[PDB]
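Undergrad: As a plain string of letters, each chain reads:
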Amino acid sequence: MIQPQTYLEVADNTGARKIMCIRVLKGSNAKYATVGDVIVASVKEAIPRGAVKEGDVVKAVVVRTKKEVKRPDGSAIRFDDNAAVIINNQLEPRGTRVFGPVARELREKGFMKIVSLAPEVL
Amino acid sequence: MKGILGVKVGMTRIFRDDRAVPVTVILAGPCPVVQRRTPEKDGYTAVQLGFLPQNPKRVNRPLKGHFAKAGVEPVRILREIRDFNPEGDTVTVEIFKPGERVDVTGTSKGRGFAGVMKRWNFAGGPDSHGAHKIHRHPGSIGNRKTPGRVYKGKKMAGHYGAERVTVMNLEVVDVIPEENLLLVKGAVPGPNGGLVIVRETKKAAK
Amino acid sequence: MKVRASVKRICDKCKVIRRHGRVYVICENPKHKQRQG
Amino acid sequence: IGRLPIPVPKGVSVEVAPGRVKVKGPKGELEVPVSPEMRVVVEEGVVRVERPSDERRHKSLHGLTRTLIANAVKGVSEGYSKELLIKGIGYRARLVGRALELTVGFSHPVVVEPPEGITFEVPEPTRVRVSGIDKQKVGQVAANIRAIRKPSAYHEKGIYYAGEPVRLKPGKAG
RNA sequence: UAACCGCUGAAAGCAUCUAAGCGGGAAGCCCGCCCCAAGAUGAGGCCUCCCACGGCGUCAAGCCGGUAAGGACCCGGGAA
RNA sequence: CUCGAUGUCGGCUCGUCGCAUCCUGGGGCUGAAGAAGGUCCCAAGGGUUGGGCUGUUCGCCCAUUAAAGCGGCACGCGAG
RNA sequence: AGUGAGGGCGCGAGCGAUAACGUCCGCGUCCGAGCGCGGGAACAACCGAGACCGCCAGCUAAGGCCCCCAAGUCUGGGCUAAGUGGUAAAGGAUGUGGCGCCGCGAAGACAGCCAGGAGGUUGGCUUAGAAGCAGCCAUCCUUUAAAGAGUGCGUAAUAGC
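Protein chains in written order, with the authors' numbering: chain AL, 1 to 122; chain AE, 1 to 206; chain Af, 1 to 37; chain AH, 4 to 177.
It is possible that part of the hints are untrue.
Unchecked claim - So these bits of chain AE aren't anywhere near chain AL, every CB distance computed over 10 Å:
| hint | residue |
| --- | --- |
| 1 | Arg19 |
| 2 | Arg76 |
| 3 | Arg82 |
| 4 | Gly139 |
| 5 | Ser140 |
| 6 | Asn143 |
| 7 | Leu170 |
| 8 | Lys202 |
Stated by the list, open to error - Cross-link-like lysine-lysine pairs, in silico, DSS-like; alpha carbons within 25 Å at most:
| hint | chain 1 | residue 1 | chain 2 | residue 2 |
| --- | --- | --- | --- | --- |
| 9 | AH | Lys160 | Af | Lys2 |
| 10 | Af | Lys33 | AH | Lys153 |
| 11 | AH | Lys62 | Af | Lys15 |
| 12 | AL | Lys31 | AL | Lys44 |
| 13 | AH | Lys90 | AH | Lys160 |
| 14 | Af | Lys31 | AH | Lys62 |
| 15 | Af | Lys31 | AH | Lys30 |
| 16 | AH | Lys160 | Af | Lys15 |
| 17 | AE | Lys118 | AE | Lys152 |
| 18 | AH | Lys13 | Af | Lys31 |
| 19 | Af | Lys13 | AH | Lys90 |
| 20 | Af | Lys15 | AH | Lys172 |
| 21 | AH | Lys172 | Af | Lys33 |
Note that these hints are calculated values from the structure, not bench results. Backbone N, C-alpha and C fix where the C-beta goes; we use that ideal spot for every residue, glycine too.
Sequences and hints are given; from them, build the entire structure.
TA: Written out as structure tokens, the structure is:
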């Protein structure tokens with residue numbers, strides 16, 4: 001569901017759909033890279049070419065596995081942990097990416113692009 | 001602004017365009033069992049009861065205390081100040097309107113006797129490089145010539161369940177005038193299928 | 001302005017004001033707020 | 004010799020009562036303080052403050068009872084109106100009845116109320132002030148209003164007593 | 001009310017917030033918020049109720065029944 | 001005083017007071033436009049993060065943060 | 001026969017930082033070793049005072065007398081009023097009260113007031129401006145409210161206070 005130190009997944013312009021975040025970008029007292037949140041990290045996994053690198057950005061929270069509990073008592077869980085990498089502003093990293101729909105995301109809102117972008121099966 | 005009750009159980013419901021969860025308040029309807037007139041108890045107020053547990057069972061005193069303004073045949077009773085009795089019998093079949101905010105409390109389910117572990121926060125000590133106490137145990141208690149001894153009022157092990165308490169604001173959600181019941185989405189303060197009460201205070205400027 | 005001390009007035013006509021054992025110099029220039037009580 | 008001479012014209016209700024001096028004129032039944040030793044008279048047209056000594060306490064007391072009750076009188080004679088001028092591109096003003104129109108906080112609700120001798124005068128409103136009765140409480144309320152926005156040394160847009168020369172300092176660099 | 005801002009005013013026959021008297025003012029102080037609490041011998045306040053209980057050397061503040069006025073005991077049950 | 005006996009570090013866990021207060025606010029001051037800094041007096045209310053390496057508390061460094069204070073109590077804590 | 005090492009206080013030299021309930025020596029007292037009573041809150045050595053034993057006797061030290069607790073909430077004359085009492089220096093100040101002193105042209109005072117704030121006062125440099133109120137000094141005259149070689153708000157001098 002969350003974590004501080006983390007081996008997380010992504011799938012943007014990733015070096016590798018994996019980076020380790022330090023912590024949560026929220027109210028100074030992290031403890032939860034939580035669903036639909038924004039946080040900090042560097043790469044863990046490799047990267048053929050790609051302008052990505054073995055650095056560190058911050059970004060926004062996708063999937064989780066341990067209760068995506070929504071306002072409308074909409075409920076879900078994906079046996080997957082990953083978010084999209086950000087470039088400053090938030091403005092996402094890559095041109096596309098491998099994943100899809102569901103409230104929590106769009107709802108957080110700031111990232112419509114991610115929104116229309118990851119649609120279909122997967 | 002007060003309701004007397006037999007707290008039922010907590011359960012989930014739906015509102016507007018979304019579900020959320022409530023609780024079951026139930027109260028026949030207490031009545032003017034005793035009044036502190038002010039000249040009577042210048043701490044003026046109303047004391048009432050709200051049900052009835054067997055009559056064959058009942059001390060004379062009770063029988064006549066009732067006699068007083070005479071009412072019925074119960075045992076559930078208690079009091080609250082600064083609350084007029086624009087009646088001589090109360091139910092809530094309106095008494096408590098929904099879509100309103102409330103404050104309320106009740107008996108507090110009865111814990112046990114667990115130290116630094118329970119009672120207080122922070123789950124005990126640590127575990128491994130040390131096991132001659134494995135995982136948790138009691139913090140520290142004072143010192144040499146500081147106060148020169150053992151302190152006097154920091155949290156402490158044991159019995160911390162047989163007590164009572166309340167919750168600040170909560171929502172009145174809904175009113176079922178028939179079976180004198182009300183759904184309120186509440187911290188089920190203390191058990192359920194037992195005793196509670198509600199009162200409303202909050203000149204709270206957001 | 002203040003200082004647990006000093007104060008020998010200043011603004012050429014800076015006022016020695018007696019207020020609450022409060023050695024407070026009053027003038028016509030903020031520069032002199034002399035609070036030494 | 005000097006710190007105690009004043010006449011009580013108008014035949015004002017110039018009298019001393021329960022250890023309090025009662026000065027009654029246009030109505031201002033002003034209560035002018037009476038230190039037990041100060042003492043005073045009002046005969047013919049002459050009203051005098053006496054001095055049961057002349058040391059520090061007393062002498063100041065003299066300057067006072069004299070000046071302040073003198074007040075009691077001049078006051079009871081007219082009605083105490085404080086002349087005041089509101090001025091600033093950023094501000095509005097009208098009596099409204101019994102408050103303080105006022106507007107220069109860019110979220111203008113300024114509904115005030117008139118304490119007592121206080122009558123509101125909007126004849127402008129650039130020129131605009133109040134009338135009171137009680138010289139102390141009047142200068143005061145006036146103040147309350149001034150205070151609530153008035154300041155501005157470097158750029159004006161405030162309320163001003165008579166409106167002192169408002170000393171002003173430059174803004175940026177030029 | 002803290003610093004800090006003012007009103008009315010002398011002693012310093014012009015002035016000053018300043019002993020005099022009045023006001024402004026801090027997430028802080030008493031309260032308002034919940035939780036204890038007359039073993040606060042300085043309460044108990046109110047309600048109902050058995051009778052002023054019955055025998056003994058007056059000083060009967062001792063005995064026995066007195067009242068199931070009530071409660072305890074044992075039993076049986078309890079998120080206590 | 002103590003050698004017929006007082007366990008010294010580092011850390012842990014539970015901490016308790018303190019103000020020369022760090023974040024908090026209240027402020028007069030500015031070389032104060034705004035914003036933002038910086039300059040003192042008032043006030044402890046709550047608050048006063050994770051890791052790295054180093055047995056080191058200090059420290060230097062990563063990432064934030066409103067902020068990530070100094071210190072009293074044998075540099076609190078072995079009858080924990 | 002016993003101590004053969006002791007400390008404290010005051011004064012006088014060491015030393016030490018002219019620090020320490022430091023340690024060195026000396027004059028004295030001290031305290032132990034009596035120094036058991038008073039006492040100053042209570043405190044081995046700071047002022048009083050030597051206890052052989054009594055008194056339901058009286059005079060006194062020191063130091064005390066509103067009360068807690070014996071003893072005038074004495075009298076008399078002041079001076080502070082901050083609570084100093086109820087630890088502190090450097091140093092700061094129209095604190096408080098006191099000198100022993102200076103201004104009184106009732107040729108009626110000072111803060112408060114009124115009005116004029118006088119004509120050569122007009123470069124000296126700089127004059128873009130000094131024509132007191134821009135920098136290197138000027139130290140004169142007439143003239144009356146008695147006279148500003150102009151103490152001061154200032155820009156372009158100047159003009160106004």
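Undergrad: Are any of the numbered hints broken by this structure? If so, which, sorted upward?
TA: 1, 9, 14, 15, 16, 18, 19
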